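What you see is the complex with one protein chain gone and the rest in place.
Naming follows writing order (A, B and C), and every chain is counted from residue 1.
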Amino acid sequence: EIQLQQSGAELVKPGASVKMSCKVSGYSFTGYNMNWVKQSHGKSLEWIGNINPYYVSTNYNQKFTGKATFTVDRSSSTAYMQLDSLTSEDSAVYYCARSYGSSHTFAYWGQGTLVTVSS
Amino acid sequence: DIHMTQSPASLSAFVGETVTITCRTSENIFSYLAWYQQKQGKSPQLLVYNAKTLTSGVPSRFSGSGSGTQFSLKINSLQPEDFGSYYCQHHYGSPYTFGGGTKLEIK
Amino acid sequence: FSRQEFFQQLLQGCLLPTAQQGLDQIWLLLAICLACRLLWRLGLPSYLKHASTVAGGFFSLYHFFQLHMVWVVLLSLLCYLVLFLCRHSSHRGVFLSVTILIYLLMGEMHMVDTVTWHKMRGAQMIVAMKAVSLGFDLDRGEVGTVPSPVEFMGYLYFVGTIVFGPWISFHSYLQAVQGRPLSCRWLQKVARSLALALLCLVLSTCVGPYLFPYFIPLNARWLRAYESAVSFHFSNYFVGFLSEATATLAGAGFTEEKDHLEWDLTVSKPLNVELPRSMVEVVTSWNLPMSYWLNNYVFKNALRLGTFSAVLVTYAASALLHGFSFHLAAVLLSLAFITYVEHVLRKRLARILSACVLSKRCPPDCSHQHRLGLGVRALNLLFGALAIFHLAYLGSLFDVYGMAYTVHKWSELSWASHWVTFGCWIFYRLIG
Partner (left out) sequence: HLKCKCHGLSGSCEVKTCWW
């Protein structure tokens, strides 16, 4: 049973940085891409980017470049995303999603990390 | 960036009814389009990919159709476990763009 | 014969025969690419388009390579096998590249006839580049779905880029499959590329080798070296412009952004190699699709081994793709050191003198103080002269052949370039 256990909700002051983690369980961590998705409150989804865990080459959405940085830890089978210079518009739910393999559809999703930027 | 417009933004129907969602595409994606269903307060779940192929474990009442720049998802004999948001997402090539989302409600 | 008889014969002896033969040997490929361009505008099912281009690719491969074409066909099949067995892995690039490497190495150890293999380096190189490119684009997420058999086959046998054509991305081929309107800019691009291809063919066969005795009253080892170099450069530009023309004729080779479609496929830039700024620009403007391929799929992966070892691995991959000959291997091994030393020395110089003398033109917002001064111009022109000198010394190998021939050709020139780059490197390390 594949399970992408994602970090807990974070509350960050504006201008700071946050780091979400998505620990993989149930398959070979370096076997499939690990896309990151963002969803505002009751709005559509947005593909931030993915990271290939085999060779750590990443692929960013140019709307999210410089803001989100992906890293991996293969010994813990964990995928980290770091958001830099958080503003009020960055308060959303961030999912990690494994690619389906053959296609790049997101087959297995995390549970979401609620990032809240306020006072 | 490809712009996936989805219609309608919100529709209502009874149990056992039949509904249809459309996902018009800015550019031409050949047959690469997927449908996710997200319930209230949970993560999305892949239902259809390649615009017609039902993923393993989805009832046969969900039917994808279309190709080019006009795709659709049909749900006949609407059941209580079929109410949520439906997002179309092309998997033609990065960057992957999702649709606006169709909020299916109980009538 | 003297210049009198030379120019008395020139036109009817070389300019018309060479052009007539160049046209008689490519007219069928051009007709097939045009037929594919016209057929892909009718609104057929996509699989039918891919099957039609597979048939056209078989016909073109047979016309150019009579029956040896199997050594290409087989390769394609093998590639798809390696693409189907690991269609779920993130290793697709690694598996396809290792398969291509083992295949080319077995081919270059005379498991295949040494004249059958030498004839199909240009088709096998493009097929291997396309397969490795698709395998890596699927890993990095730039291509969504692993293609069906007919899409992969129609990609490898794309009738526009099968014989001479450059490497094109899988998506840059799918966009050609979905078809664009037959504009007038399309026809202008095809016509200008064909005219420039014939012009470079003419200047390579006729004007190239007979430059300095006849066209110039100058005349000698360095003059022969330079005329061999320019004949080689124009023989390359011929294939570059012809591949550009035959890829823009079939529909591919275009970029569109916000309701503006431009046919801007450039394979070679002759003015960046004939009037060079540095050897980095020469290497990256000799073949632009191959430079992008080698930088994106060989350098960006081997970059873990350090920048210099990654440059060496990239030039080794380039020497393996182009077929392992000793003169080409020596040229591409000297080019690694030449470009690296020149790049890093110009880097340290532009950092010291604060002048814009970098091996590539600086962008409008840069820290350098002296940008348009005449000392900067003098230094840039000195480095351009050094680039022309390197180009002559390296192209002297292609006079129209293993270790003896290359050591003989380079021993006449006193190994001038291999001492020039050594001096540049010790100068780099002194001002370090």
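Quick notes on this one:
Here is the rule we use: a residue touches a chain if its C-beta (ideal position, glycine included) is under 8 Å from a C-beta of that chain, and two chains touch if they have at least 3 such contacts.
Remark: the absent chain touches shown chains C in the intact complex.
Only one residue in the set C:164, C:170, C:383 or C:393 touches the chain that does not appear here, and it is C:164. Only one of the listed residues, C:169, C:204 or C:417, touches the absent chain: C:204.
In the complete complex, the residue from C:97, C:235 or C:380 that touches the missing chain is C:235.
Set against the missing chain, the residues C:87, C:88 or C:119 yield one that touches it, C:119.
When the missing chain is restored to the complex, the residue among C:64, C:293, C:299 or C:340 that touches it is C:64. Although one chain is hidden here, its contacts on chain C can still be listed: residues 13-14, 17-18, 21-22, 25-26, 64, 118-123, 125-126, 163-164, 201, 204-206, 235, 238-239, 243, 321-323, 325, 400.
Just so it is clear, only the chains that are shown with their structure count from here on.
Per-chain CA centroids place chain A at a distance of 23 Å from chain B. With centres set at the average Cα position, the gap from chain B to chain C is 44 Å. Work out the mean CA point of chain A and of chain C, and you get 39 Å between them.
Contact with two or more other chains is made by residues 35, 50, 59, 103-104 of chain A. Looking at chain C, residues 140-142, 144-145 sit in touch with two or more other chains. Interface residues of chain A facing chain C in the complex, by the touch rule stated above, are 30-33, 35, 50, 52-55, 57, 59, 99, 101-104. Listing the residues of chain C that touch chain A in their complex gives 87-91, 94, 139-142, 144-146, 300-301. In the complex of the two chains, the chain B residues touching chain A come out as 32, 34, 36, 43-46, 49-50, 55, 87, 89, 91, 94-101.
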